[PDB]
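What follows is one chain in structure tokens, specifically the form solved without its partner chain.
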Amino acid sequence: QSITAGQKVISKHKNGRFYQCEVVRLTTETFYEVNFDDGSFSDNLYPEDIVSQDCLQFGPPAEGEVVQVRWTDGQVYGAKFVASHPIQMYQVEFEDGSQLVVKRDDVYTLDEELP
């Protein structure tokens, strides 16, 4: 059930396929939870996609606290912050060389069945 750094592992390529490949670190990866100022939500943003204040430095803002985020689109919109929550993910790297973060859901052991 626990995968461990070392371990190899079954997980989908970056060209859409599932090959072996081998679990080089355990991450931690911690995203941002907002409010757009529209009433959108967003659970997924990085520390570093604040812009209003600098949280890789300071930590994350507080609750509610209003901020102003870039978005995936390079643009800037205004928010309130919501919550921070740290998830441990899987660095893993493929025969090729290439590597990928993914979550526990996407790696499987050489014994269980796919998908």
Contents of the next structure:
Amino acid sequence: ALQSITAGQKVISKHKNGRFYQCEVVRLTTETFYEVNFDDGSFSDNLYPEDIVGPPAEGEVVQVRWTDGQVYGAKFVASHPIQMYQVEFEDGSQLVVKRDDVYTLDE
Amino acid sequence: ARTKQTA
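Now show me the form deposited with its partner chain bound, since the one above was the form solved without its partner chain.
Everything in the complex follows now, all chains and molecules, and the chain you saw is the first one.
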């Protein structure tokens, strides 16, 4: 079988403070990213649905709120669901991270 | 991640 991370798993991940700490996986959650081709010719495949001012159809014209607070016109390409992990640290703080920010233990 | 590019 392929290795997997599951709820309750003791692992090592990055705290919001940037440092690594042992933590526990509280639950698996799916994050959905949107991909769009901007009118200016560039494209982003890591926007969140909250950045559009179900998902639109490929080619559909949409307005995207960028990181600069400005709105740009674009056409929707596709949505990308990605398996992610909600982990909780010693102080009780919690975070949703990707596979690459998680280091598993042998037991 | 909100990153853009022309590829």
